[PDB]
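K.L.:
In case you want the letters, here they are:
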Amino acid sequence: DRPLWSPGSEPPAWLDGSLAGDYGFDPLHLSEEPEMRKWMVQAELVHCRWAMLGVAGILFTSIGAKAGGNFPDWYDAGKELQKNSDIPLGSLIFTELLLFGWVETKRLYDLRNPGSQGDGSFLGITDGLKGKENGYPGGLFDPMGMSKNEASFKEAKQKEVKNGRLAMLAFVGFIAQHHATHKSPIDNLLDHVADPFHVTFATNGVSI
Amino acid sequence: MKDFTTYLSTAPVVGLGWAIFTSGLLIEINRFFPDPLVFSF
Amino acid sequence: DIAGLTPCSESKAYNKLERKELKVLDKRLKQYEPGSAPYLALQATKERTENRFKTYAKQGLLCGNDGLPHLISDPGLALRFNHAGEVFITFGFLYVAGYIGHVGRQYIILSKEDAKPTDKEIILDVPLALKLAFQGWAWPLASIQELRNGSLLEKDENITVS
Amino acid sequence: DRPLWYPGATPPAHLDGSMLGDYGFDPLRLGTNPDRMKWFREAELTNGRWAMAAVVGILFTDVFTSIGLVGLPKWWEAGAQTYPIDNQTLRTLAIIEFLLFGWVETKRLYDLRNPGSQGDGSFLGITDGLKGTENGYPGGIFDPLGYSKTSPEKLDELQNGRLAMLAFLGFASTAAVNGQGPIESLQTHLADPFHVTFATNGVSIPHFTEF
Amino acid sequence: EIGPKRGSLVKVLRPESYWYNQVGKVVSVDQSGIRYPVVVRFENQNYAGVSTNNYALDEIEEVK
Ligand code: CLA
Ligand code: CLA
Ligand code: CLA
Ligand code: CLA
Ligand code: CLA
Ligand SMILES: CC(/C=C/C=C(C)/C=C/[C@@]12O[C@]1(C)C[C@@H](O)CC2(C)C)=C\C=C\C=C(C)\C=C\C=C(C)\C=C\[C@@]12O[C@]1(C)C[C@@H](O)CC2(C)C
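Sequences listed follow chains A, B, C, D and E, in order. The first sequence begins at 84 in the working numbering and counts up one residue at a time. The second sequence begins at 717 in the working numbering and counts up one residue at a time. The third sequence begins at 71 in the working numbering and counts up one residue at a time. The fourth sequence begins at 80 in the working numbering and counts up one residue at a time. The fifth sequence begins at -6 in the working numbering and counts up one residue at a time.
The shape of chain A in the complex, shown without the other chains:
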């Protein structure tokens, strides 16, 4: 009744197709329990969002570096951006860790206690700060009212999962082609279209 990850196979019992981006691919039986599934879905959503932001940033700075700007490549970016900076390391590390502790702790307690942070505790915010779904918050993180329609919200959730999976699969590819060619991803893309027959993953010495 739905397209599966392996045409002809049978999906598991705990994967009916009601989840966002469900395809029936789970061979190691992970997320079989309801609580484990509740944790795994949020882990996938947070990984998809962080992967989409990181891949977009890497492509942006790489395209800007190929255009002519003073942007370093995605790899070794933190090395040459810290030598000429007034923000000290350690202090910057713990500043980032301190802000992320507050945000991630509120998000974690929202998962264990669904709809709990929106009780006027954090500076008096009752309507917002309470999630609508599992890993889909609302109220403040939805400026445009695009979540108040299930017919479009379901399709938009599907688009988010299918784009995040491709983005994280692309991020894994960023490390591999960098470690195999020592060049920028936009430099590897432009070099592949310049010679699609000669240059490829098999004519670069490494990975043979």
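Accuracy of the hints is not assured; some may be wrong.
Within a straight-line C-alpha distance of at most 27 Å, the following computed DSS-like cross-link-like pairs (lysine-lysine) qualify [what the hints assert, rightly or not]:
1) E:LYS18 - C:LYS124
2) E:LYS18 - C:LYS190
3) A:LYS162 - A:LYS189
4) E:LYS57 - C:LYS86
5) E:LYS(-2) - C:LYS186
6) C:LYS201 - C:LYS190
7) C:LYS186 - E:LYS4
8) E:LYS57 - C:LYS225
9) E:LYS18 - C:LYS186
10) D:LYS117 - C:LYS201
11) E:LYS57 - C:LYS182
12) E:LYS18 - C:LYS182
13) C:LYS182 - E:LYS(-2)
14) B:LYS718 - C:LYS225
15) B:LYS718 - C:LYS186
16) A:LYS121 - B:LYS718
17) B:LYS718 - C:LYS182
18) A:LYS121 - C:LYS201
19) C:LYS201 - B:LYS718
20) C:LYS225 - E:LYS18
21) A:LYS215 - A:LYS121
22) C:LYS201 - A:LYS189
23) C:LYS225 - E:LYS4
If you are wondering where the hints come from, they were derived from the structure by calculation, not from laboratory data.
Position chains B, C, D and E with the ligands relative to chain A; hints supplied.
P.N.:
Leaving out everything else, chains B, C, D and E with the ligands in the frame of chain A:
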């Protein structure tokens, strides 16, 4: 999955969780901090 | 300079031993190239030896007639002089040992209040063990509060043959 | 009673009952016993009450010291400068302090075990005025501002006391990794907020990244 | 009728038994005038491996 996580609570939880944790903790302490014969007071 | 000992900072045997080890380690440096992995390993071992001798010394640690550091253990005798650090800080072991004992005793009592507490011993209740492990930081307070209430012992319910 | 320390999923057991400054913070479940809870609240009250006087004695004098009104030393060496003066006793302050402090500490101790146990045949003529109202809350000691009808003033007292305790711990730790005063370490934090930080100024966490 | 209530936990008072000063559940009490009619059952096994034994009426005490 419930049977695998309940299998992981018999002998690994006591012989490979604690043993690996305690051994790794003492070893990393003796690796980053070299040989300690006093309270360095 | 107590119990007839002398500070490790003014002992000839301490320096003699230091030079002995620095020499036996340096004798192995000639058998290798000045820029390879065995040379780097021998250099790291030499640096650790020099640091250890410097760290062991100038810290109140004193040796006696052989260059080997001796340890003062009597409280009062180790408190009147700067020797409290060498062994009088027994409270570190007492804290970790009491932590282990309190966590195990809390797991035995709580697990016994359940039907058949046996299979709970061979198959640990990991969420209960992890919760009880991070809840026993203030173990001496729980021990003194569990002693005054009489909930630490039993009156006369023991398998005895006396 | 008052807002929980966390927004959710943290329900305590023995914190449901009404108490001064009740925020529901007890992760180790130390105050489960009622008698131990009743003793721990008195300990918290005494610790906060003395930490408040200590933090004001340090901070209020440090304000005038950093501005330039007085020439008094800082708190970490105020002891090393009191006794070198010509008119200052030897180390007998500790003994007279122990004796004169134990005398009233035992009165406060016997009052907790038996509340209001100050019979007529104990003192000279003020043997009746030492009858406290509650444990840790006496009446004849304080003269004004206490015949009101609403008790949440004690919440301000407990909140100020908790903030004072945390402040003294910061005084002892900041002056242990930098060797300066509290306002001396505060004034430098206003100049360079990213350089003088516990993660990188003092040797607090081992950060060795000097590439 | 003469022994304790069936199903009630009791305490053994035999000074030479493996369950001395222990607590055991009474399974049945015989009414034939035998020497040891109160039959009890304990959670923990003895050195031999059995877990039940029968005691008399005088060597059976109520729990605490
Ligand atoms: C040869 C006889 C014999 C045998 C086979 C046993 C066997 C056992 N005894 Mg026993 N005992 C004996 C004689 C014996 N005893 C005698 C003579 C006495 C004196 C009368 C006792 C008194 C005694 C007591 C008081 C207790 C036992 C307990 C136990 C059980 C211990 C289970 C365990 O691994 O502990 C546990 C070992 C651990 C290391 C637990 C720590 C778990 C950590 C905190 C979990 C964290 C790991 C983490 C999740 C992993 C992440 C790591 C990652 C970073 C890689 C075990 C089945 C204990 C029990 O009941 O089990 C609970 C118990 O408390 N015995
Ligand atoms: C509310 C009390 C308080 C305040 C206002 C400060 C303020 C300051 N501290 Mg300090 N500190 C405190 C408590 C406090 N501390 C406690 C309890 C400890 C013991 C763990 C320390 C240990 C400490 C060290 C070792 C160092 C500082 C340093 C500093 C200065 C730079 C900030 C920093 O590096 O991170 C601060 C480090 C902390 C551990 C504080 C963070 C956690 C606290 C306890 C939370 C309390 C904050 C409160 C809820 C909200 C602010 C209240 C305020 C508006 C009144 C800064 C002016 C550094 C310095 O002097 O720069 C050279 C430094 O090296 N602090
Ligand atoms: C996310 C999709 C994606 C895309 C669009 C690209 C694209 C590209 N890769 Mg790459 N790669 C990827 C994933 C991807 N890769 C992953 C996951 C890995 C880790 C195994 C690698 C490892 C890798 C290496 C080592 C190299 C490249 C190289 C290249 C460039 C030349 C083509 C080639 O020979 O690659 C080889 C093809 C593969 C390794 C197959 C990967 C297929 C994955 C699973 C994605 C498939 C999903 C989907 C069907 C494709 C995208 C759809 C659409 C956008 C086209 C090219 C622009 C080469 C280069 O740097 O150019 C000089 C190079 O040497 N890739
Ligand atoms: C490679 C095969 C292998 C090996 C080497 C062992 C070895 C062991 N088993 Mg295991 N077992 C196996 C297969 C194996 N088993 C399989 C296939 C199953 C079925 C799933 C089990 C099920 C099983 C159960 C249910 C239990 C054991 C227990 C034990 C331990 C004996 C009790 C003891 O040491 O005294 C007892 C020790 C004390 C009372 C003092 C407590 C402090 C201890 C020493 C700390 C624990 C550290 C650990 C024992 C050392 C490292 C373990 C090692 C495997 C790396 C022992 C080390 C018992 C156990 O868990 O140990 C407690 C026990 O309860 N085994
Ligand atoms: C946490 C459980 C626990 C606790 C609280 C105690 C407590 C005690 N034991 Mg004991 N013991 C235990 C486990 C425990 N034991 C086990 C597993 C064994 C079998 C190896 C023994 C064998 C033993 C002997 C032979 C003797 C004692 C004795 C004593 C008493 C003297 C103090 C001491 O440290 O002796 C020493 C204790 C040991 C050498 C055991 C150390 C092994 C570790 C700590 C046990 C592992 C416990 C486990 C991690 C708990 C699980 C945690 C949970 C969250 C899953 C003391 C009340 C002595 C006594 O008779 O009383 C005066 C004595 O002679 N014990
Ligand atoms: C791919 C990935 C996960 C892949 C997981 C897979 C396939 C799991 C598959 C299965 O589990 C199923 C489904 C079912 C199971 O039964 C079986 C298996 C088979 C196990 C995660 C990537 C996840 C990737 C993430 C989250 C990446 C984030 C990147 C960030 C944040 C970037 C930061 C940057 O820093 C850099 C790196 C460089 C700087 O120059 C620039 C900035 C931008 C600063």
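K.L.:
What are the numbers of the hints the structure violates, in ascending order?
P.N.:
1, 3, 4 and 14
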